[PDB]
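Only one protein chain is missing; all other protein chains are in place.
By letter and in written order, the chains are A, B and C; residue numbering begins at 1 in each of them.
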Amino acid sequence: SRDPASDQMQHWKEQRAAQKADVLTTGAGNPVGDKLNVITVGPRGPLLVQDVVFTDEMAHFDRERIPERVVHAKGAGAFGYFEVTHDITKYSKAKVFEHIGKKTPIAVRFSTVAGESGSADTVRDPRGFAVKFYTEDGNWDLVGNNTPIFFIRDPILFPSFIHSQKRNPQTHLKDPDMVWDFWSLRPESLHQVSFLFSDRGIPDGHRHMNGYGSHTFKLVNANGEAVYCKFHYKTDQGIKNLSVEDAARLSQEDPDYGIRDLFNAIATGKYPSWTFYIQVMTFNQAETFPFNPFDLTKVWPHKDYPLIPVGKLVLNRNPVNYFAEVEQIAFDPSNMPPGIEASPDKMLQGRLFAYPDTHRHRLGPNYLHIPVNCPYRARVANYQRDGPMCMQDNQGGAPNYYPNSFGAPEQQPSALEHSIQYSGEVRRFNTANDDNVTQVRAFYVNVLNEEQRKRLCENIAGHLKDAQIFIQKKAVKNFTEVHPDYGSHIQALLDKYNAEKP
Amino acid sequence: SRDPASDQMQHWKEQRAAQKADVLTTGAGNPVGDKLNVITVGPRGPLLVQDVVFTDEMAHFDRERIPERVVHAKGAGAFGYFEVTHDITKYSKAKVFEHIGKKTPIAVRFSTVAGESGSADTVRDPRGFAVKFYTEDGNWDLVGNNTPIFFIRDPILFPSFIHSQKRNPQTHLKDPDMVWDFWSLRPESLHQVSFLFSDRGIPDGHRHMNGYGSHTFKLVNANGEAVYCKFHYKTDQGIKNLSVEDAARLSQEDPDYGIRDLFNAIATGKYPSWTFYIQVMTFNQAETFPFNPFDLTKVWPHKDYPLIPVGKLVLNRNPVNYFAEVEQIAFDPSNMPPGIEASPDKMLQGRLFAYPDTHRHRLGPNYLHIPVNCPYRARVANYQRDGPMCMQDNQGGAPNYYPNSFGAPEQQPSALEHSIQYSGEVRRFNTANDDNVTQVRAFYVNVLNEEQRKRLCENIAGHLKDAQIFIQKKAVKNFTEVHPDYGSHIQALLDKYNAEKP
Amino acid sequence: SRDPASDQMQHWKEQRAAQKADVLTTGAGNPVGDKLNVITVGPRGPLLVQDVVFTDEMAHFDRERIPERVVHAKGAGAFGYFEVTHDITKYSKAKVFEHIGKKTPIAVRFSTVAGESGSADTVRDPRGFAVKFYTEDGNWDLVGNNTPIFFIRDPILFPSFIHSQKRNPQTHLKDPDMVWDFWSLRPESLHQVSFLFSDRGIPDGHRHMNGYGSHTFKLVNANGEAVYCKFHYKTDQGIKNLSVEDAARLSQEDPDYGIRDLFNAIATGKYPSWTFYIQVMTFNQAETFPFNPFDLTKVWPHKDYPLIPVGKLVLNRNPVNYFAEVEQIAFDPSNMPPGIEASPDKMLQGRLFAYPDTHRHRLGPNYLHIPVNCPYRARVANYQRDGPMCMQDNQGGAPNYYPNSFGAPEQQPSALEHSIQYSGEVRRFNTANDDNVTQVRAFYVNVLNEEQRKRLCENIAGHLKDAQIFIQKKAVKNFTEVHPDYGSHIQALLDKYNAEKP
Partner (left out) sequence: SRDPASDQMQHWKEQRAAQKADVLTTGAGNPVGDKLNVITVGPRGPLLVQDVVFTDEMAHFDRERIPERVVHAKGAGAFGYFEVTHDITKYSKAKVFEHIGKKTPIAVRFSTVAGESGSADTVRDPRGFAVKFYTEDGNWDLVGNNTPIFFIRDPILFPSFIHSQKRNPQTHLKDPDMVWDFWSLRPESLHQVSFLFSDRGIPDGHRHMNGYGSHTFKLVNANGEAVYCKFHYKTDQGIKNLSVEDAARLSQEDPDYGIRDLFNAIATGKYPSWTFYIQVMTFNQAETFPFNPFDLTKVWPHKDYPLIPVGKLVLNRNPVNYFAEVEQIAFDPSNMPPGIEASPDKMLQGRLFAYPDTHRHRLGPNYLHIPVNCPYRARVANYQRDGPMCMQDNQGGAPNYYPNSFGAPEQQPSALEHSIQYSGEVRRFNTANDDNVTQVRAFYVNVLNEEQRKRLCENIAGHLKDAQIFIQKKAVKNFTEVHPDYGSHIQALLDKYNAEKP
């Protein structure tokens, strides 16, 4: 007996036990006499069209692949539940938080950002930590990262950021000039670049990392009072990171390290958990916060905004079929039940549009009817009809226009969004020259020790050495603005690497 | 109270009765506070992206349409059953025929051929009469027409035939030159053109027409003995046709005449039935038949090949949702359970390829999992996985390769196809100059009376008058070869029409 | 010789003249020996897979259909130019208006709203009048109707409105209960319902109708000063309408009446033109306008806001291939060059999202590279890459992220949008009970004469008679609020129809 992952097929055979093999059918349920040989004109003759077993099978094989996610393509999934352990109903009327001990089923997908489907798990990247909560008020998708911040604060830069992180459009090679040209020109990236090149840039699998919603959200209570919050889901297995050397070894030996680690943990009963916290900021505190509290390059310091515990995430179930439950799962940040709403974080606003839009391409118009995406603890009743691969009854003969005089579904005024007044012109406001260094300096000085600062600078220099000198210069200038020792330590390592380079 | 079709919504409201209206949700099951107004910056300001209710709804609306069927776009559907009334188990081991009184659920779609989705029902065209039998050996699709024959005997001509019958590629107008240039150049069309322009060219709705499989199929019994057969499903409501004048009136007044007629019949308990017959021809009779018995332009005369009764088709249920059950239904002639097989009819061979192929485009790779297409009285177990809009479990963790040592599904040797030897070179054989007139003459002389011959010639002349003279000449030449009176009567009417034409 | 439309193929043959027929090829340019017969095992044997001519052809045929437009499916197209005849550069810096006599190529598609692809042209409906201007500042799509107003003033009602106008979801029949339940519940529809049921509800083909942008747009001049405008394009062939009786006759005799009329006009040199006007309203006039000037159910009266002439639209070219140039053409109201911008008309704001969204489904992600949609008088240079059916070079090896240090395309600050301040909370504002009758009364009393009022009431009663009495009552109540004689005349006709009804 090996690890449970290695024994998947042996275990499947054992569960079947005395059961006779199912009859092998075509897609249309017609039994197949022989699937090992095609119909030919005698033993050395050509293949006949009336071999429909062959064509049925081959035509399906020809269509197996769907587009990979534009980002976060390489992932691992698992199922479990969220349990409420504390009352936050003062902040949010959301049914998911309704009472202590209320259990909600969840689905999680962990991912890297830039790698395609066949890429290695144990690489330096932000990790995605997406959680789908199947509530009675519909699905809530908290599409988090393993970092509280991001590289950019305006969503129109997102495609450019991802392009710079992916392959050269001509050579199809990863390109340090592209990576560092973009970051050196957009110094709002320094905070997340500091996190990325620190030890938590390569977690030891998915169980040993935190998740964050990253954005400011808005909680609304039963009295219609709103606060702003951040969501934090801190690992109960403890933070653990791979060394650059072990990460490199594993990238070759076990490209699927994270998938295997998580599958084996859950298969052997070692159910990974995370403690779910919020930070709360009142609308008055948002007016007086030293930065933009809706700026995705900024945290809320823990002294001013302590973590309020809410509940626990537990993953206790592996997917039965990876394609059905992990490849096809879709998280939309716009899937927010009543009591949880978007802040005006510009990055969150962009994500409200982009995810349903990419889901309709990647999966199809009716992707919310794929079982893993279905809000199966809610009744879907609306005026939406048809579209390709329409499953179930398409809401039967129910009236398909609103308003109507025939008793079809009705708006629920309690589900109405929280209203705010906003001051200013409708236009494009520059946020490039918001504060790019203050919190990065707090991280470098107050959070990292001396050993950690040395590895941070070694990890950066090792990547940045491959960029052109003009890019190295602009990158080091930005690091120097954080702290002279940050910049100078990087420049010192670059001088060594650029000298070795013929 | 009006006809049941007109009262669809009133009846839906009545069934709901005391029930409170369902809560109006987004696709992800999140309740909607207000679906009558969008979120704006004050009462005369611009629309906000965070109006995801608006975007969810509008994005679905934007994707409602799927491609129409390349042919037979305009249709009416209904459900019911096939009941065996006689034993043909001597001819076929097919479970659908297994014992007297065995009931199998069916789905039927009636259609015209050339009209697009918004076109009129009461036009001159062949009608499609497609029957899906949900058997325990998987689905059997008998994709029949309201005529025993077709216009062509080689499938490589099918796209050309349909192009000639549809719109001019530049003007987007129906084009008599295209229609009659093609038919006049391909005189194998005379038999089906004679049927088309006779009284049965415009049935009085779907209940008053026969269906035919048209092709020769092969029945195989439990001893592995094969015969050839034709399938005939003769209306129990009796043949009834619209006059050209009534057909024209209805095309304007009731474009959906056939849909309405069928829906109202079933809603008022007038359940239309058809008697299901076979004709049988032994392999020896196939050697000695005066024509090619696999030629789709030929019938088997009833004196030599009498109708053997088998069962009854009954339609007793309307679709609950037209899009879900009629627009999305897919019939594949290649869906044949054991005991029923393709003959070497070249046209049937082409159809073995074309239908699954168009279904994967029109509906999607996984179109067999759409509920109306699902073989729900059979267990589908095979090595096919994934593809877009993968529903159910994608066969869970079952081994996905064959052969395997882990107890996944197994071929069933009893389901093996019937073997035949064929004589000749593998090449393209010309069938253009097979007999194009003998059976057409039998129809003109022995089956039509004098009144019927007059209307046949008036219906043809009225269409053919719009073609160029050179096409009229070639068309009349072919009609003359059937019978001098056929040709001369048409030429006489054309002389009258061409004289009136300035 | 017949009409030019009827002679399309004869004319094509004549242009070819002495030229030998092209060699018939597969899709991959391989010459075809025989396309009239398939490869079989001898003359009565089965079809071979190695017949790739057959499969290449059939597989293409299987994929011919794309989804029809969700609305405005049935259309006619033509090409020509817009010519400036007056200076409006005081109002707009748009290059399309730059100097007198400046010619810009245009594409136009005329359509009905509710009919599917095979439906009749000569039916009561609004007509679409979409104009694409191929300018040097990219395409400008003015996606107009043959009416200055619409049935609704909030875009979240659009899918419901279109559902109510299309087929019952169960029966697939047009449903007067659905049509009149929706209109009777949404009396903002009265203005466009009055226009719809008047004589201009059935134009005599496309050449004899006006087009309107319908929405308020914003013009911005070279000094950055903004006004609001309406666009009007008045027929130079004069308004002409079909009688209900002639419209009904033509629906049967010539379903493609509008396509044929337009094709024949342009083929015979009778080039239809429209005079292009604007109405202008200053930002101060917008503050003091008695209604919401951004309300799509309201006109700007001509006395207060006279038509300022701008130029002339001329259609002088037929499409060479209908599918390539009319079926595949896509108009996005969001395609606005500098000098032309969206007003805060809520309906226009909805249309900014919906059209690119439906285009990516109906045509594909890269639909702007389809030749008729390509901005071929502008250089497209940006950071967009890849997507299915990527044509041209995908911008070669150009840097694919912004900002960059490598000289790839740069933002043009002169192309920056006009900034405005808006007052109020971000929320859903009810507009149902805005004024629904004032301008409708002006139309009934001041614009229609006595004969026209009689036909208006006869046309409404003839449709509304089929709705349930409770709907008839609510409909008549709303008509009565416009004018007692409007309501009473309709009720009188209904009493007659409801008495005849058993």
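Note that contacts are C-beta pairs under 8 Å (C-beta built on N, C-alpha and C of every residue); 3 or more make two chains touch, one makes a residue touch a chain.
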{"item": "Touched by the hidden chain, restricted to displayed chains", "value": "A, B, C"}
{"item": "Touching the absent chain when the full complex is considered, from A:137, A:141 or A:177", "value": "A:177"}
{"item": "Omitted-chain contact residue, chosen from B:61, B:110, B:140 or B:161", "value": "B:161"}
{"item": "Which residue of C:100, C:390 or C:492 touches the chain not shown here", "value": "C:390"}
{"item": "Identified contact with the non-displayed chain, of A:9, A:307 or A:442", "value": "A:9"}
{"item": "Absent-chain contact - pick from B:77, B:311, B:350 or B:399", "value": "B:399"}
{"item": "Hidden partner chain, residues of chain B it touches", "value": "41, 45-51, 157, 159-161, 163-164, 168-170, 178, 181-182, 185-186, 357, 360-361, 365, 383-385, 394-406, 416-417, 419-422, 424-428, 470-471"}
{"item": "Where the unshown chain meets chain A, residue by residue", "value": "5-6, 8-10, 12, 33-48, 53-55, 57-70, 73-74, 76, 115-120, 154-159, 162, 167-175, 177-178, 181, 248-249, 251-252, 255-256, 259-260, 263, 292, 294, 318-323, 326, 342, 344, 346, 349-350, 352-354, 357-358, 361-362, 422-432, 466, 468"}
{"item": "Residues of chain C in contact with the chain not shown", "value": "8-10, 12-13, 16, 19, 21-36, 39, 41, 45-46, 49-50, 52, 55-57, 59-61, 63-66, 137-139, 141, 320-321, 323-324, 327-328, 332, 334-338, 342, 349-350, 352-353, 356-357, 360, 363-371, 375, 377-399, 402-404, 406-417, 422, 426"}
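Throughout what follows, only the chains that are shown with their structure count from here on.
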{"item": "Computed distance of Cα centres, chain C from chain B, in Å", "value": "34"}
{"item": "Touching two or more other chains - residue numbers and ranges from chain A", "value": "41, 45-46, 49-50, 357, 360, 365, 383-385, 394-399, 402-404, 406, 416-417, 422, 426"}
